[PDB]
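Of the protein chains in this complex, one is absent; all others appear in place.
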Amino acid sequence: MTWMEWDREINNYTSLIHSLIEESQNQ
Amino acid sequence: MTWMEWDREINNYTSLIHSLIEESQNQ
Amino acid sequence: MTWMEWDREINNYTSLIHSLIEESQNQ
Amino acid sequence: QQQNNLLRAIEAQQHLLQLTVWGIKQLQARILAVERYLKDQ
Amino acid sequence: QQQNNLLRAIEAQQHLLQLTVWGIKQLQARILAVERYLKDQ
Partner (left out) sequence: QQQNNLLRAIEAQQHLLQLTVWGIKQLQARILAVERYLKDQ
């Protein structure tokens, strides 16, 4: 693991979560 | 963002979550 | 709190969460 | 009710996570600067 | 069942988050002390 990859994966998971939470806002 | 503000926001979100989790303990 | 205890508790909570998430995969 | 509380909890927890990521990035830059300083010295 | 598991997961995750916050605060104090030490030197 590197810090560049760390930042990439953080961003990936964050955007996925945002999408999931929003998609649930529309219960 | 500063560390003083960081601590404040951390505390805000933590107390909110505590309240939400408890309020659900009462399913 | 020490770093050795920190690592132990991190591992405890992580394994519990894994078990809970899996046990829900079986909705 | 239980469900909305859980959604709201995750929403707030995602904010917490984002703050911890900010902190870790700040610290990484600062320790790296110190390491380089000592190397340059 | 699915719901109770999710609540329990968030509860444990909040404990994890609290530990990471502790860690970050410790590190911030330690790097700050090092930065000041080097400045004072």
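Note that the chains are named A, B, C, D and E in the order they appear, and that numbering of residues resets to 1 at the start of each chain.
One rule holds in what follows: a contact is a pair of C-beta atoms (placed from the backbone, for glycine too) under 8 Å apart; a residue touches a chain by one contact, two chains touch by 3 or more.
Residues of subunit C in contact with the chain left out of this view: 3, 7, 10, 14, 17-18, 21, 24-25, 27.
Although one chain is not displayed, its contacts with subunit A can still be listed: residues 1, 6, 9-10, 13-14, 16-17, 20-21, 23-24, 27.
If you put the missing chain back, the residues of subunit D touching it would be 3, 6-7, 10, 13-14, 17, 20-21, 24, 27-28, 31, 34-35, 38.
Going forward, only the chains that are shown with their structure count from here on.
Centroid to centroid, with C-alpha atoms defining each point, subunit A and subunit D lie 14 Å apart.
Per-chain Cα centroids separate subunit B from subunit C by 21 Å. Mean C-alpha position of subunit B lies 15 Å from that of subunit D. Touching two or more other chains at once are residues 10, 14, 17, 21, 24, 27 of subunit B. Looking at subunit E, one finds that residues 3, 6-7, 10, 13-14, 17, 21, 28 touch two or more other chains. Pairs of chains meeting the touch criterion are A-D, B-D, B-E, C-E, D-E.
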